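Here's a solo chain for you in structure tokens, the form deposited without its partner chain.
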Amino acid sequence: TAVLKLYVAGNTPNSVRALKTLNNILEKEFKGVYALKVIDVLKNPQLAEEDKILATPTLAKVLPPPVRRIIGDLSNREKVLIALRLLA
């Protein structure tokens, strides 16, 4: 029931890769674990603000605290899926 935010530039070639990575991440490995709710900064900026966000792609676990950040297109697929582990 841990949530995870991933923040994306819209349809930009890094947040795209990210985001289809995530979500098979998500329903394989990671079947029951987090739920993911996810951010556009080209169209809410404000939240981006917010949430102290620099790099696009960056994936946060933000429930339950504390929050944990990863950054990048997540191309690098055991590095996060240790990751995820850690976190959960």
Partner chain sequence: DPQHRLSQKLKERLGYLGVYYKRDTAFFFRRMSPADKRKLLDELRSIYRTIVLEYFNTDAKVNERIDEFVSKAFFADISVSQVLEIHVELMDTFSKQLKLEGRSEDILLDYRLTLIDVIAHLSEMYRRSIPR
Second form
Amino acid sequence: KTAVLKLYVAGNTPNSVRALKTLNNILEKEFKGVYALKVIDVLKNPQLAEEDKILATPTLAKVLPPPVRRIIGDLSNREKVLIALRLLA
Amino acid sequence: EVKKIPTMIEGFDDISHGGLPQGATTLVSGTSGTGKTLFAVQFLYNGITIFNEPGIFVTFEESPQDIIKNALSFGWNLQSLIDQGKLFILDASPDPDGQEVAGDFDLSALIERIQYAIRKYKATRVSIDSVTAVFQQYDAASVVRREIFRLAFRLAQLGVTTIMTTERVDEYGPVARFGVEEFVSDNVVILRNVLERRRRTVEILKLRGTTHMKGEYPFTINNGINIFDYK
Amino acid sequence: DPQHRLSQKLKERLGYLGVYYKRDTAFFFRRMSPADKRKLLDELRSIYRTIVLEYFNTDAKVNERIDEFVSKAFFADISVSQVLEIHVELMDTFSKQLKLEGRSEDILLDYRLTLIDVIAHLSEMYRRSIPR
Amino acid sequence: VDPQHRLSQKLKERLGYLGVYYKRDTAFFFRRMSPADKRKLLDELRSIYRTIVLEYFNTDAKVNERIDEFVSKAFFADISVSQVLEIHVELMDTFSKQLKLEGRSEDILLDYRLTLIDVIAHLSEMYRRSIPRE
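Next, report the structure of the form deposited with its partner chain bound; the form deposited without its partner chain has already been given.
Below, the chain from earlier opens the complete complex, with every other chain and molecule after it.
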């Protein structure tokens, strides 16, 4: 019932903007529980992308709930995001 | 009118009339077990130990810890260079716990990580092994293709000399798998390994805008690549 | 200089785009039962103590427990003072343990960088928060 | 007692006097300033911090109110802790070359790490109250 998430984006490209939009509305409306979403621009904070071995943008790295998993893409296929937040089997 | 930097790989600077085109990308293509990875390591190893030019090794399938020990298997201790901060292995291999795809994407983070590593370690030489693996870790060949081009473009702008290793289908056919020779096009080196006993060969298929010895030449793998019989 | 290397580290890891968030007031430190209050406090102590002893080690990754500490501090809304209290108490223990060994307490001063590291991160979450 | 301990007790004392949370005007943030107004702000901060450091550890000084003046300007300008550390480091670098030219020990510079912790601690508490709370 706690989410710690990092969203790695690349500037303000449409894929990144879409992913942030999708991900935000899921957390505030269909998620219940406490969460913190960190949005990181790899063009501005590359070292953070090196630490987490990020290759693609946008990338969603779930820290909590366990186990740690990565989701790539603008997050159009929402179910893959819901399963990670545990809101659906 | 194009300048080259010496690889110091025995016999290569001669068949290539100086070495690799500075500030450019050279493809090094071949089937499995042709010495592409060995070529890529030796390139950076010499750059560091002979010319004190730091290097980045980008790996797409092999883990960094299997690069270092497969290098031991070739006769070189990379961990020393890493510990002096002259060699950096960028881990661009997949996460074994898996990566789920849930929409469209690009490889911007990869490009920025590489640029960042180049500037942090002041590198002038980069090796990328093996770029075809990417096509199999993501199913969007057209964006993968585009990102590889854009990576080459950025590497050029940063004024860095680069080797990209590439898998082949067969010893005599398409130059590189997934048609990467259509974007990274100017400089191509092919490595073959065919049968009594194995025969290994190196061919400089293309080195656009400059001179090179043409055709296949034989080489042996004995503590490095050793090319011979070329006058 | 470890001071120049804390500075460059902060430029590399901080200055995020934004932090979106939802906290529950029921789980703030100040609103917890006396049992849950110090249970939270033992976790913070453990993580920080883990951070400090691994901070100057070359091949360790202190930054993700720094991030775990900060997230934990953030969701409980613990004050900066409480963080400083954790540092001071831990340093006191290190001090009494160092006296029994007859060794210098001068290394303790370098852990002040560790403290600055943590406080910087915690504040950056707040400073980069996108309320509502 | 130990100044680390009474830096500590002093921070607990300041908890009751703060407002529950604060509201700043984004128009007055550092990131929206002209390059000229930006350097105008950073030099005032540099000047104030230098004054804080050199009067820090002085019993008969009112360092806490210049600390409060530094912190207030940095917070309402939305200055980061990172930027504060940069100010400290430059000053310590200046101090270092001046102490070597006088042939004195650079160990006092380590004592100023406490001064830095004092300022950033206050600044960070302001940020903890930069979002709505109850």
